[PDB]
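K.L.:
Read off the chains here:
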Amino acid sequence: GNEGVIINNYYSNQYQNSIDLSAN
Amino acid sequence: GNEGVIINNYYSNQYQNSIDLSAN
Amino acid sequence: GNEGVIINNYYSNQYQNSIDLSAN
Amino acid sequence: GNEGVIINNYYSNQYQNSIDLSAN
Amino acid sequence: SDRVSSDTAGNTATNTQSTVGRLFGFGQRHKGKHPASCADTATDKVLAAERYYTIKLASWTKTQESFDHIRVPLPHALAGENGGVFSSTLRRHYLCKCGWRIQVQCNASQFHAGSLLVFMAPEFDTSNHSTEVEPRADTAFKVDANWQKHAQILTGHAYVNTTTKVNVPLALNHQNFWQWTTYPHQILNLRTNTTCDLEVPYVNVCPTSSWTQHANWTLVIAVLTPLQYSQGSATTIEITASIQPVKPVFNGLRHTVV
Amino acid sequence: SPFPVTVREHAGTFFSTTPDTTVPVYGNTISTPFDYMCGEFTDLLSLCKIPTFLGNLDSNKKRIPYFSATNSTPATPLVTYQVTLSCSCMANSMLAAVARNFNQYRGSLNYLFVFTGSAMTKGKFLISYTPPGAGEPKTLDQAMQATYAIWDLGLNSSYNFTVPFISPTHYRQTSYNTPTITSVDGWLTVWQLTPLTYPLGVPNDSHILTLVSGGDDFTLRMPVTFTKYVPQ
Amino acid sequence: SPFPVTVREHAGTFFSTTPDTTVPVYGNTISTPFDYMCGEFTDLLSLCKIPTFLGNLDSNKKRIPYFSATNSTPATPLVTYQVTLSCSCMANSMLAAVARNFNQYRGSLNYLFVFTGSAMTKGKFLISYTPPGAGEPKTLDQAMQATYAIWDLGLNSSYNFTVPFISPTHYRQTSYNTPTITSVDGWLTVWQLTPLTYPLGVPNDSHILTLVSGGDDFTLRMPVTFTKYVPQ
Amino acid sequence: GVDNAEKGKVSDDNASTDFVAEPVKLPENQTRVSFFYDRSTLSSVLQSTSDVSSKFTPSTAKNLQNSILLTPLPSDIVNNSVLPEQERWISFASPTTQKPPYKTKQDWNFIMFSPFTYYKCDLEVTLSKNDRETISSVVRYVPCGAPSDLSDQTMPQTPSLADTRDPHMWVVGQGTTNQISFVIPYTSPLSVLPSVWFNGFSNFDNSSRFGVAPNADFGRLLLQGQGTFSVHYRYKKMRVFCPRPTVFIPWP
Amino acid sequence: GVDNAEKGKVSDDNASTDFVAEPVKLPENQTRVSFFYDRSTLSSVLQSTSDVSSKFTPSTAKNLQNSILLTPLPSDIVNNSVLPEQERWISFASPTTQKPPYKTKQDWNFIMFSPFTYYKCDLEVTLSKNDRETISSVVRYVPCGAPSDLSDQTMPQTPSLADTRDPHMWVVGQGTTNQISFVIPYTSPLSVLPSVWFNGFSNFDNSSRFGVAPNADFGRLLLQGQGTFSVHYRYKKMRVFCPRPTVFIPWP
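Chains as they are written, first to last, in the entry's author numbering: chain A, 15 to 38; chain B, 15 to 38; chain C, 15 to 38; chain D, 15 to 38; chain E, 11 to 268; chain F, 1 to 232; chain G, 1 to 232; chain H, 1 to 182, 185 to 254; chain I, 1 to 182, 185 to 254.
No lab work stands behind these hints: they were computed from the structure. Some hints could be false.
Unchecked claim - Straight-line C-alpha distance at most 25 Å; calculated BS3-like pairs for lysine-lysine:
#1 G:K61 - E:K72
#2 I:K7 - G:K49
#3 H:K62 - F:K49
#4 G:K228 - I:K9
#5 E:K66 - E:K257
#6 I:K7 - G:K122
#7 H:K25 - F:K122
#8 H:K25 - F:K124
#9 I:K62 - I:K7
#10 I:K99 - E:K175
#11 F:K49 - H:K99
#12 I:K7 - H:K99
#13 F:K49 - H:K55
#14 G:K228 - I:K7
#15 E:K72 - E:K55
#16 E:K175 - G:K228
#17 E:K175 - I:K55
#18 G:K124 - I:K7
#19 E:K175 - I:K62
#20 H:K25 - H:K9
#21 E:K72 - G:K122
#22 E:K43 - E:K152
#23 F:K122 - H:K7
#24 H:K9 - H:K62
#25 E:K43 - H:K25
#26 I:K7 - E:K41
#27 E:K43 - E:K175
#28 I:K9 - I:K62
#29 I:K9 - E:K41
#30 E:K159 - G:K62
#31 H:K99 - F:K228
Claimed, not checked - Here are a few chain G residues that face chain F, going by a calculated C-beta distance under 10 Å:
#32 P4
#33 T6
#34 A11
#35 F15
#36 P19
#37 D20
#38 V25
#39 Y26
#40 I30
All C-beta atoms, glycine included, are put in the ideal place defined by N, C-alpha and C.
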C-alpha cells in the first residue's frame, strides 16, 4: 500500500525488497 | 553480483565493462 | 569511436553531427 | 527549423505550439 | 629482364634496366575528374601536357651526409619555360589539379656504395632555411640549387632572428626525417637500382588548387647512406628526374602570370 | 521508484541555439487565423535571387544605380566589381543584405545590366569575369582571356551575365578581415567593345543600370550576425 | 507529470572520456565535401607497420640511420637493441612515436636491415634475438643459442627480421620507470658471421641501414599521454 | 544571355546558359525562414530594485524599466506612458556621444534584418540575471492587449505580480540557475504582425502615432525582485510575408 | 627472410615466416583514429576581467586573451592582430627560463602526435572556470571566417556578445556547475584542414605569412564575465589523410 507509480521499479525486486521465502 | 536495475545499462557493454577474451 | 550508449541520441543525426555529403 | 530531437515532445502539440486554424 | 621497364607519356618515354617496380602512393591515381567546385567546364586531356619533363637535379659527392636533401616544389618546378605546354597552360589558368608520376635517375657502379631516399610529400616545407627572412612568392617555390643540411629542420625553422630563435623550441615546418620513410617512397641503393619510380594522386585542402599560392606536393631526394668510392672510380655522380603531371585539369582561364 | 541521474557538467547552461523547445505557459491557444494571406515565402534564398541595385560612383563620388557610356572605347573598364559578397559596390543589394547573415556561399551570381539610352543608340560591351591568381585584368586583351560575354544593344534591353562559381573550395566566405583565397574571387569588369553610336539629337551619355542577385544554383549557409554599425 | 530523479553523487563532473556526446549548437550544417580526397587511413596501427629509421651512434656520438661493417668479424655485436618500444635507439621511429601514446603492446616486431655496400661486397651476418633471464649474450656462441637468422648478402638487398613475441604476459608495457619483466624483453644483436669481403677498389666500410616497425600481428592499446618534453 | 528587366522578372541563370559549364548546386536548408529565426537573440533588458514581497510600481532608471513590451521592434516609454510602448524610431541613450547603447529596447538582429512586411510566430522568451547573486524574482506575463492590473497587494507581504491568473513565474533559491525560459503562443488580435512599418493609425479619430499598428505585440513582462535581467527572443514556427527592403548600410 | 626495401614497401611478417612459430594476434580496436582522438584534451585557456553586462573589448593579460581561435595548432596574437591568429611556431611565455608554459595556445597532445597531413572532424568544446566562485559568463561562438562583430552594446547594461544570432551560451548562478560544453560542426570552407604545415600563402599577392592556410580553423570563442577558463577539444568523427612524420623527440 502506497505505491502508485506506473513505470516498473528501477531496481529489481530482489534488491528493492527483501526476498520472501517459505522454510517449508 | 549486486546489480539489480531492470532497465539496460546506458553505456554499451564494451564500454561499461572490460572485454573478456580468450587467447585460445 | 568512443561512443557506447545504447539508447539513441536525443538530438537527431543532422543536428548532432555535421552532414556528410559528396559533391559528385 | 531547428528542432532535432528524436523523442516526441513531452507537452502535447496543442500546448507546445499555438493551434493553427483556418477561418474558411 | 623483369627489371627492364619502359613508360610512354605523350611524345616521351622513360626506360630503365634496373627498376624495382612503381610505387603508387596511397594506392591511388589521379583519374582526371573535373573539380566539383568549378562551374566552367575544365580544359583537360591535353596530350602536349601529359608527358615527362626531364631536369637535372644535383651532384652527389662524398661530403653529403645522411638526410642532406634536395626539394622539388610541384607544380612550380615545371611552371617555368621548360614546362612546355603544361606550363604555358598552367600559367593561364587560375586553378589546376593533377597527380604526379616520377622517375629519378642516378647511376654509379658496382664499386660505388651509398643510397638515396626518393619520396613525395604533401605540404612539405619548401622555403629557404638559411635566413630569418619571410618567404616570398619568388623564393618559397624554387627547386633547391644546393643540398640542404638536416639539423635545422628537425624542430622546424622560425623566420625570426637568431636571438629570438632561442625562445622558439618548435615551428610547424618541422620535419622529423627519421620517419621520412612514412611518405610514399623508394630507395635508390647504388648496388641495386639506378632509378626509382613513384606516382601520387591529387591531395589538397580543397577540390582544386590556386597553384600561384600553393605548392602542394614536393619531390624530395635525401641521402640515407653517404657516397663512397675508391681512388680511380668515376667521381662525377649526378641525380636527374623525369616528372609527369598526371591527367592535369585546368579551370578558370585568364591572362597569363608575370 | 526514483530514477538515478548523472547531472552533466553543464547544468543550468542556456544554449541560445539548442535544437530543443522549452515550457509552454499559455497553451491550447489558437493562433489568430491568417488563411486569407498572400505573399508568404519560406526560404531566404528567394530574396537573394531578386536582382537589386549596385552602387556605382558618381563623378562627384555620389552613389548611383548605373554607369555612363558614350561614343568612345576607353582602354580601361567602365566599371569593376570584385566578386565578394563583401564588395562595397553591392553592399546594399538584397543579395549582400542576406549574405551578411550567413557564413558561406556557393553557386552562380547574376549581374544584370539594363541599357537605358535612347532607342536610336547602339553599341557593344564585353563583360568579363577574371578568376584570381594573376591580378586584375589591365587591358581588353587580358579581360578577354577570361570568362566573357559580348552584349549587343538592340530590341532586348538587358543582359543577364553569370559569374560562374570557380573556386578551389566548395564554399566561399561571405566576408573577411583581410582578403584570402577563400573570400575574394576575382573581378567582373565591363568594357566598351565598340563605341556607343547614335544619330544627331541624342544625348551623348547613356546610363546602364546595374543589379546583382544569386543565380539558379546559388546557396548560403550557417546563420550568423554581421559586424554591427550605427545607421546614418 | 514530472519524473522523480536521484541526483548521483558526481553531479556536474566533466568526464574527459565519457563515451557520450554533448549539445549541438550549430546543427543541420553540411561538412564541406571532401569526396575527392585520397590517402585516408583509419587505424593508427597502419603507421606502426611502416618501417622507419633507428638511431645508431656515430664514432663521434652523433646519431645515424646505419651501422658499419668491414673485412673482419668482431667478437662483439655490431649493434645491440634492447627490445622495448622505449629503447632510445628507436625513440624517433614511427613505431615508437605511436607506441608512446598507448599503454601496452603485443605481437611481432620487424627489424629491417638494408645493405648499402657495393655490389661487389659479400658477407654474412647473424641476427639474434635473446629473450631475458640470463642477461645479454656475451659471445656469438651465446647469441646463437637464442632465436636467430643468418643474413647472406647478394642480389636481394635487405633482410626482414622478426623478433617473436615471447612473453610471460599477454601484453607488455610500452614504457617504464625501472625495467620490469613486463616492460623489457631481451636484446636484438647483429653479429658478423663471416667478414664483409670484396675486391680491390672498394671502400672498406659498408653501411647497413636499420629500421623497425610492428609486424603482422602487432597491436597497441589504451590511449595515454607520454611524458612531456621541450622540443629542441 | 539577353533579357528584358522591364518585365519585372528575369531568369535565374547558372553558368551553363552562356558558357560550357555545369550546374553546381549542393543541398542546403539553413536559409529556411523557420530555421534562421529559430534561435535566441538578445532583445531586451529589465531592471528592478523592489523586493519580491511588495507592490509592483512602474519605474525607470537610466533607461531601464521594470517591465517590457514583448516585440522585436523598438519599444520604450513614449511621451510619458505608464509602461513602455512600441517606438517608431531608435535613439542613443547618451545625449552627447552619438554612439550606442540606445535608450530603446529591440532585437537588433531582427531590426537589422527583416526583409518582409508581415510575420507570424510563437515567442520563446529567456530571462537571465546579470550577476551571480542568488535569484529571487517573480515575473508576470500579460497577453497582448490584456489588462496590466498594476494594483495594490490584496494580502500583506506578497508579490502583487503573482496575484493573478495570468501566466507567471517564480524562481528563487540556492538550487536555481538564475534564469527563466518559456514559450508563449501568438496572442495578438491581428492575423499577422507588421515587421517594420504600419502605414496608418490605431484608433478611429486618427489621433494615435502614425506608423504604429494596434496591438502589434506578444504581450508584456512585468518583474519584481532585485536585479538586472537580460531578455532573449526566439521565433518559433516563423512565417513571413511580402518581401521588402532591409535596413540600409553605410557605403564602405 | 630476404626482401628489397628499395621497392618502397616490404612485407609485415610474424614469427612464422622465418621460425617455427604461430601468429599471436588478439582483436583490438583502440588504435582506430576515431576512437583515439575522441576524448577531451586541454587545448586553450581564456581570461576576462569584464563583467557580463558590458561591451566586449579584446584584451591580453600575461599572455591570456579574452577570446580564442578554435584550432588544435598553436595560436596567439600575431604581430599585434586584434584577435589571436594561427601561429607558425611555439614560444616560451618567459623571456628567460626557457621552460614552459608557452605563450601560444594549442592542443599539446595533437601537436606532439599528428602523424597525418590533413584532418576532418567536428569539434566538441568544453570550457571550465578555474575556481569555485559562482560563474556568471557569456560566450559567443563565431563560425570559421565569419564577422567577429566587436561592436558596441545596442542596449544599456547588456552583454554585447549575446547581441547576435551567432550561437552563444550564457551560464550563471548558484545551480550551475561552472562549466560549459557543446559540439560545433566543421565550418571551414576548406574540404580538409592542414594538421601541421601549409606550404603556401593565403592571399593572391602572396604577402601573408607563408605556412598558414586560409580559414583553417573551427571559428572563435569570445568571452565576457569575470574569471579564467580552461578549454578542451574533443575531435568527433575524426578522419585523417596522408601519413607524415611526428614531432622529433630528443635522443635519450
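K.L.:
The structure should be examined with respect to each hint, and the outcome stated for every one.
P.N.:
For each hint, the structure was consulted:
1. G:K61 - E:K72: Given pair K61 of chain G, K72 of chain E holds - Cα atoms ~20 Å apart, limit 25 Å.
2. I:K7 - G:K49: holds, 16 Å
3. H:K62 - F:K49: Distance of about 44 Å is beyond 25 Å: violated.
4. G:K228 - I:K9: violated, 32 Å
5. E:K66 - E:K257: Holds. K66 of chain E to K257 of chain E sits at ~23 Å (cutoff 25 Å).
6. I:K7 - G:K122: holds, 21 Å
7. H:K25 - F:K122: violated, 37 Å
8. H:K25 - F:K124: violated, 32 Å
9. I:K62 - I:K7: With Cα atoms ~53 Å apart, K62 of chain I and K7 of chain I exceed 25 Å; violated.
10. I:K99 - E:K175: holds, 14 Å
11. F:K49 - H:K99: violated, 34 Å
12. I:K7 - H:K99: Not OK: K7 of chain I and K99 of chain H at ~70 Å, beyond 25 Å, violated.
13. F:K49 - H:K55: violated, 55 Å
14. G:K228 - I:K7: Distance of about 36 Å is beyond 25 Å: violated.
15. E:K72 - E:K55: violated, 44 Å
16. E:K175 - G:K228: Roughly 21 Å between the alpha carbons, so the hint for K175 of chain E and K228 of chain G holds.
17. E:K175 - I:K55: Answer violated: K175 of chain E to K55 of chain I is near 38 Å, above 25 Å.
18. G:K124 - I:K7: holds, 22 Å
19. E:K175 - I:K62: OK: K175 of chain E and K62 of chain I at ~21 Å, within 25 Å.
20. H:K25 - H:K9: holds, 22 Å
21. E:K72 - G:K122: Holds, at about 22 Å.
22. E:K43 - E:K152: violated, 28 Å
23. F:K122 - H:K7: holds, 21 Å
24. H:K9 - H:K62: With a Cα-Cα distance of about 50 Å, the restraint between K9 of chain H and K62 of chain H is violated, given a limit of 25 Å.
25. E:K43 - H:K25: holds, 17 Å
26. I:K7 - E:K41: With Cα atoms ~24 Å apart, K7 of chain I and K41 of chain E stay inside 25 Å; holds.
27. E:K43 - E:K175: At roughly 45 Å apart (the allowed maximum being 25 Å), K175 of chain E and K43 of chain E break the hint.
28. I:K9 - I:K62: It is violated: about 50 Å lies between the C-alpha atoms, which goes past 25 Å.
29. I:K9 - E:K41: This hinted pair holds, its Cα atoms lying about 23 Å apart.
30. E:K159 - G:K62: holds, 15 Å
31. H:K99 - F:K228: holds, 12 Å
32. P4: Hint on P4 of chain G: holds, closest Cβ of chain F at ~4 Å, below 10 Å.
33. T6: The hint holds - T6 of chain G has a Cβ within 10 Å of chain F, the shortest such distance being about 5 Å.
34. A11: Constraint on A11 of chain G satisfied, holds at 4 Å.
35. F15: At 8 Å from the nearest chain F Cβ, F15 of chain G passes the 10 Å test, so the hint holds.
36. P19: violated, 13 Å
37. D20: Holds. Min distance 9 Å.
38. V25: Holds: closest Cβ of chain F sits about 5 Å from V25 of chain G, inside 10 Å.
39. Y26: holds, 6 Å
40. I30: Check passed: Cβ of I30 of chain G comes within 7 Å of chain F, closer than 10 Å.
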